[PDB]
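With the hints as your guide, set chains B and C onto chain A.
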Amino acid sequence: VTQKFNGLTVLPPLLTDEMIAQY
Amino acid sequence: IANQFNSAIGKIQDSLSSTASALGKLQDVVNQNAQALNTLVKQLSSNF
Amino acid sequence: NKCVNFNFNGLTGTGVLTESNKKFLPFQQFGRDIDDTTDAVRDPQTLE
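Protein chains in written order, with the deposited numbering: chain A, 826 to 827, 853 to 873; chain B, 923 to 970; chain C, 536 to 583.
Treat the hints as calculated values from the structure; they're not laboratory data.
Please note: incorrect hints may appear among the correct ones.
Said to hold, decoys possible - Below, computed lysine-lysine pairings styled on DSS-like, alpha-carbon distance capped at 27 Å: (1) C/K537 - C/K557; (2) C/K558 - C/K537; (3) A/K854 - C/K558; (4) B/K933 - A/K854; (5) C/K558 - B/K964.
What the hints assert, rightly or not - Some residues of chain A that are not near chain B, with every Cβ distance over 10 Å (derived): (6) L861; (7) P863; (8) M869.
Beta carbons are placed, not taken as given, at the ideal position from N, Cα and C, and that holds for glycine.
Bound-form chain A, shown alone:
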């Protein structure tokens, strides 16, 4: 599975990919 003038921003998820791997 695969800043800019538009005023967009992608926030990170609360759990990292390591934390999901640990659960």
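Then chains B and C, alone, in the frame of chain A:
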């Protein structure tokens, strides 16, 4: 029964390696969110 | 490298200006992004 489980897990490695189609249900969600953002940004180019 | 209110040839904008590696051809003054907005510019006094 162990050898059949061990073999079947061996086919899971092979399947997830061999085809890009395997995770299509996840890639479709990334693609639709990317499309919806890319469209939203292109509407800034429109004259109205 | 500082944020500024820039105005080059009447292209009034705002942002941080940075040295580009973009290889513009002689006839081009402005460059645009995917988003159809000016993301690079040739300075009209010293042609970088």
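The hints, checked one at a time:
no.	hint	in the structure
1	C/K537 - C/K557	holds (20 Å)
2	C/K558 - C/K537	holds (23 Å)
3	A/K854 - C/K558	holds (21 Å)
4	B/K933 - A/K854	violated (43 Å)
5	C/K558 - B/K964	holds (25 Å)
6	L861	holds (13 Å)
7	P863	holds (13 Å)
8	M869	holds (18 Å)
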